[PDB]
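Below, in structure tokens: the form deposited in one PDB entry, a single chain.
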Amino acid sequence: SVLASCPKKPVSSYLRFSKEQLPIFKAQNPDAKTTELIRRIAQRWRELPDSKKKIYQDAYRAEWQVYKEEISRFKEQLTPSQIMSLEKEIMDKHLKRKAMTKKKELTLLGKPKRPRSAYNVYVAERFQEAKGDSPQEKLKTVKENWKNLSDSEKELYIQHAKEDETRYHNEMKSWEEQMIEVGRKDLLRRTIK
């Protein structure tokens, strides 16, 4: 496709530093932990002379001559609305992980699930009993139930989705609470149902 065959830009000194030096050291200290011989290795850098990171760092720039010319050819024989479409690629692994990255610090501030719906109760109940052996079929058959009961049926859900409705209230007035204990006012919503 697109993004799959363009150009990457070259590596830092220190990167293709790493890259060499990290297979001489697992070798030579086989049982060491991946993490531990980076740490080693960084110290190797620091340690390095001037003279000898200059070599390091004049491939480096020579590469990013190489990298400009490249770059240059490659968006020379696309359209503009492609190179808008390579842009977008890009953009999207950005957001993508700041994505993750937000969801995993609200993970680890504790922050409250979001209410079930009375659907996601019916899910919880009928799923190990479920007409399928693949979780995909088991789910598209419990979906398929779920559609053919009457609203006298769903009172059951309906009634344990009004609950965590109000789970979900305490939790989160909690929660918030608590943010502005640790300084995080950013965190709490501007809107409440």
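Residue numbers count along the first chain shown, from 1. What changes on going to the form deposited in another entry:
- Of the listed residues 96, 128, 81, 30, the one positioned at a hinge between rigid parts between the two forms is 96; the rest lie more than 12 positions from any hinge.
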The other form holds:
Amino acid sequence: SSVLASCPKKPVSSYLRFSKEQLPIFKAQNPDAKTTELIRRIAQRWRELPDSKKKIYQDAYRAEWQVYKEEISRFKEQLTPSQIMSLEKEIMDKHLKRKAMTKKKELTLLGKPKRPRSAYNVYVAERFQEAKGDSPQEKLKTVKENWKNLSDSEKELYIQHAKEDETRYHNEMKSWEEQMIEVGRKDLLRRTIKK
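Can you swap the form deposited in one PDB entry for the form deposited in another entry?
All you get below is the one chain by itself.
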């Protein structure tokens, strides 16, 4: 039920067409080399390739562009309003998710401290494994139920471990945010802390 998946995609431009055909060859002749390295060498092949040769690829791309113009129009015109709407949402959702992940992958490279664990988090970590259930979803529900029934005294270790992680997070954030200052990124810093 995804309009987007059935949507005609843009033809590949010249270099990539080349790359798409070259890679399996380089891989055959260099079976153990990392793809990373093969691509670099392939781009070098492309750079050295005489303009008259690239033109061949470009000509193909330009022709492919013409069939794409025709395909995309016919497709769009064939779409009902509700389908147009879901296609737009799908594109929208796809974009935001891509931007989110990109930001997440960054912070992770930058070594941003995980946020604090709650007493509940700590509880799940201690009790998940022995919890009955056919699936993680069911085994989490099991834990959730037993948690709601925990007394305040039964909760003491979980809360204590949570408190301990609060201290952990505080410290780690301190150090990180300072390191981010050195790299001149006070924009990654929190606008508001508490205690």
